[PDB]
Structures are given as structure tokens and as C-alpha cells.
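For reference, the chain that follows is the form solved without this ligand, supplied as C-alpha cells.
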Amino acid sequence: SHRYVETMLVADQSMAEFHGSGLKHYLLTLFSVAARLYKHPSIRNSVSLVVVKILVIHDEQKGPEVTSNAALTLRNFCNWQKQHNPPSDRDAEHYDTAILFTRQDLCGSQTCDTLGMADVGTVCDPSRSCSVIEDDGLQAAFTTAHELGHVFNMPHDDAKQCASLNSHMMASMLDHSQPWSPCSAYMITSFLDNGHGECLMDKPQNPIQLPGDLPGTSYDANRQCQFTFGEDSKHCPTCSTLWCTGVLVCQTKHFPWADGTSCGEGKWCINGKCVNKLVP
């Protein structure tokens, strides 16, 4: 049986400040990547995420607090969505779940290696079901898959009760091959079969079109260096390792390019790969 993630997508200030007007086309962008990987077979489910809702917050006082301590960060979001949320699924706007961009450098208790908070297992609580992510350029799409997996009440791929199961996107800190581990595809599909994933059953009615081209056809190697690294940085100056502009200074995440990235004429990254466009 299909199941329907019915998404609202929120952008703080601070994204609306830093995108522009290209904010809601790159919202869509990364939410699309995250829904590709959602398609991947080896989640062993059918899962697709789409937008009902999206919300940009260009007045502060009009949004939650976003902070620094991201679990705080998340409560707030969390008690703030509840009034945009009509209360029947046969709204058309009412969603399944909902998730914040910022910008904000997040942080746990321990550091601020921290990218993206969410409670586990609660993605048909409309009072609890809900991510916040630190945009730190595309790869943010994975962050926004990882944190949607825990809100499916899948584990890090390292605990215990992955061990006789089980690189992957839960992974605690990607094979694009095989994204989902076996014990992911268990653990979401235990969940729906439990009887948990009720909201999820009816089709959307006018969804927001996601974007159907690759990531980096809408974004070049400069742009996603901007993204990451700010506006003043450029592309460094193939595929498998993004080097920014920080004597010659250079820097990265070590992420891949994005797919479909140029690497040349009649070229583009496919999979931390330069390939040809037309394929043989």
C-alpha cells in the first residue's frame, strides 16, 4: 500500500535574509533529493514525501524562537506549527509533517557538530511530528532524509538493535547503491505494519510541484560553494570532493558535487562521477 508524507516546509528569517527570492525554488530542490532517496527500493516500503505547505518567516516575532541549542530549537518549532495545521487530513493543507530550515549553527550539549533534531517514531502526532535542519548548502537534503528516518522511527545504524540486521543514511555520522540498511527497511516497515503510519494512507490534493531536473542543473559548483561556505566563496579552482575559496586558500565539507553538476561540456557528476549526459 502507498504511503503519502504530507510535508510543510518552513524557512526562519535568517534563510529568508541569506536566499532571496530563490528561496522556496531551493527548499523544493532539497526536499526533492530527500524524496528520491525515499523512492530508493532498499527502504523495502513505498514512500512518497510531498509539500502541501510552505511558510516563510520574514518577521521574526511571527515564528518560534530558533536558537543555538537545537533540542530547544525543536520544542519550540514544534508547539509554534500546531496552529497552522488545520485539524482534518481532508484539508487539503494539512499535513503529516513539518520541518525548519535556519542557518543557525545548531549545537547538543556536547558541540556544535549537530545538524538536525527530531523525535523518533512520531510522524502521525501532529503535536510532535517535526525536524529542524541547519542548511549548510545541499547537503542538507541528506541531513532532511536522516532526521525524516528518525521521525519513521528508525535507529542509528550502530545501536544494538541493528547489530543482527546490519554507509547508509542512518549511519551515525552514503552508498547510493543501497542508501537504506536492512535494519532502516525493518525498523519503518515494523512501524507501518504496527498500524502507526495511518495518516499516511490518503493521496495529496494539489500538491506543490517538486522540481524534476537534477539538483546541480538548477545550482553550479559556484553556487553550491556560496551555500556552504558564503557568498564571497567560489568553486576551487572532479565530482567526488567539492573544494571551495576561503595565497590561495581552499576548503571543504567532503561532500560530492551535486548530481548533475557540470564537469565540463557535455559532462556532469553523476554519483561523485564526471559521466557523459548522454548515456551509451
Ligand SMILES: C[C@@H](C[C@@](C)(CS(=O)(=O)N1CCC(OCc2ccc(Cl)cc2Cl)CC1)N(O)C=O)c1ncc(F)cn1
Second form
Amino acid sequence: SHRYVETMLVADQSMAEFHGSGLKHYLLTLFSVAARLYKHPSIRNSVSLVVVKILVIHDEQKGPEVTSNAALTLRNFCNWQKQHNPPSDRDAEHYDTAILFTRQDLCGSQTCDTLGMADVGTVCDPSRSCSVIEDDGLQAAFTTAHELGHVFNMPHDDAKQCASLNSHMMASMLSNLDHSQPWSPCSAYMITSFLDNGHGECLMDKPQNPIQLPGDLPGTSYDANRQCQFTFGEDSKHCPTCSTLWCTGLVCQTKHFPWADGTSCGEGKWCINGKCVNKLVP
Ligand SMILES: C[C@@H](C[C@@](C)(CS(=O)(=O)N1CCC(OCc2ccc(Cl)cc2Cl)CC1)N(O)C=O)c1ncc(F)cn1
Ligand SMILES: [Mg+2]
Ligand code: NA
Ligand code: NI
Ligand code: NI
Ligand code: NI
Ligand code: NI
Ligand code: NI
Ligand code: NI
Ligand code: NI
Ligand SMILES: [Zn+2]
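Mind sharing the form deposited with this ligand bound? What's above is the form solved without this ligand.
Let's see the whole complex now, leading with the same chain.
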């Protein structure tokens, strides 16, 4: 059976100001990458992330209170998004989940290494189906997949329950993603059970005129200078391939993330899975 995750994307005042007019393309660029990831066969389910609504909070007072407190920010946003969801799924802009994006540096009690936040097993509960994502660059696309995993009842891959079942999207710490198997067996089992138990019944309807997702690779929209800007601010640029984006700040810096797929790395070549390869595949 085919599940469709009708989504409202929301950007706060920090996003509007930082991104200007290009904000909405940026949000859908990030979300198209998430959608691709959920179409990977390793999830062992048929799941279509679709956009039915986008809100930009130009005026802070017209949005939820956003703070460095990542937990309090999720809760603030989860309460706030209820007033903007039409009561019936028959409604066209009715959404099964809501995601907030902020330039704000998210922190837990311990560090500000926090990238994102969601409760576990909330997808068909309109009071609880929410995520907040830190915009630290195109890599936030993967924070978004991760958070939605939690929303789909996925625990981290080092959770005790994942032992006999189990590099993948639901890792508790950042490292090299297996591009041939983005989702672990634990992950597949856990979303599969969640849906089998009946907690994905809201996802069966098809969206009405959903907001169209970019079909091109993200690096086609955004060159390496732009990617450095997204992560390090507008004055940053690409440091004088593909494996690690290094950026100015001659002083250079990196969040140890690859160049986005599609990023030009010479005439006739672009990045694909951290490798500079010919655009005309043999
Ligand atoms: C207690 C929280 C832990 C929390 C907030 C930790 S975290 O913010 O550091 N975090 C873990 C790493 C994860 O990595 C995503 C990712 C994967 C591949 C690439 Cl290529 C890039 C990226 Cl970005 C992002 C979120 N956390 O896990 C939040 O989700 C917590 N919250 C919910 C839980 F279910 C468990 N723990
Ligand atoms: Mg890739
Ligand atoms: Na942070
Ligand atoms: Ni604007
Ligand atoms: Ni666009
Ligand atoms: Ni305020
Ligand atoms: Ni594995
Ligand atoms: Ni400037
Ligand atoms: Ni360059
Ligand atoms: Ni470092
Ligand atoms: Zn997590």
C-alpha cells in the first residue's frame, strides 16, 4: 500500500531574512532530498513525502516562539501549528505532519550540537506530528529525513531494541551514510510495524494539487559558494573535490559534509556521492 505524508513546511523570521525571496525554493530543495531518501527500497515501504502547504513567518509575533531550547521550541511549534490545520483531511491544505525550519542554533541541556527534534510515533496525531530542523545547510535535508523517521516511530540505530536487527539515517551520531542502504533493518521493521498496527491510516489519501518538488539535483540550484553560505553565512565562500565542503571564514572551515549531489566540480563533471564524475554517464 502507498502512503502519502502530507506536509506543511514552515520557516521562521530568521529564515525569511537570511534567504530572502529564494526561501521557498530552498525549503523544497531540502524536502525533495528527504522525499528521495524515503523512496529508497531499504525502507521496505512505499512512502511519498508531499507538500500541501508552506508558511513563512515574516513577523515573529505571528509565529511560535523560537528559542535555543530545542525541546521547548518543538513544543511551542507543535501547539502553534494546530490553529493552521483545517479540521478535515478532505480539505486540500490539511496536513498529516508539520516541519519547522530556523537559522537558530538549537541546543539541548548538554550541548548546542543539536540539529533537530521530533517526538516518536506521532505521524497520524495532529497535535503531535511535528519536527523542528536547524538550517545549517543542505545537510538539513538529512536532518529532515531523520526527524521524520522518529515521527514514524524509528528509534536510533544504537537503541537496545535495534540490536539483533542491526551507517544509516537513524544513527545517533553523524558519520558516513551508506548510500546503497540509507535505512537500517531496524528502521524498516519499526516503520513497518507502526503502519501494520494501524497508526498510519491518515496517510492513505492522495494529496490534492500538491506543491511541486524540484526534480533536479540540489547542486544544480546551488553552487559550492552557495552551500558555504548556507552553512557559514553570506560572507563565506568555497575554500581554494566533492568529498568535503571547505569554506572561508587564508582561513578555512568545514562541518565535514560532502558537496551536494549535482555540484559542479569542473567542466562536464559534478559531484555524486562525494565523487567527481562525468555528467554524461558512459
Ligand atoms: C535526545 C534527542 C537527540 C537528538 C536531538 C540528537 S541530534 O540532534 O544530534 N541528532 C542525531 C544525529 C541526526 O543525524 C541526521 C543526519 C544523518 C545523516 C546525515 Cl548525512 C546528516 C544528518 Cl544531519 C540529527 C539529529 N536527536 O536524535 C534528534 O532526533 C533524541 N530525539 C529523539 C529521539 F527519538 C532520540 N533522541
Ligand atoms: Mg548522495
Ligand atoms: Na546547534
Ligand atoms: Ni520573505
Ligand atoms: Ni522553485
Ligand atoms: Ni520572541
Ligand atoms: Ni548495516
Ligand atoms: Ni555581506
Ligand atoms: Ni569553487
Ligand atoms: Ni570539525
Ligand atoms: Zn534523532
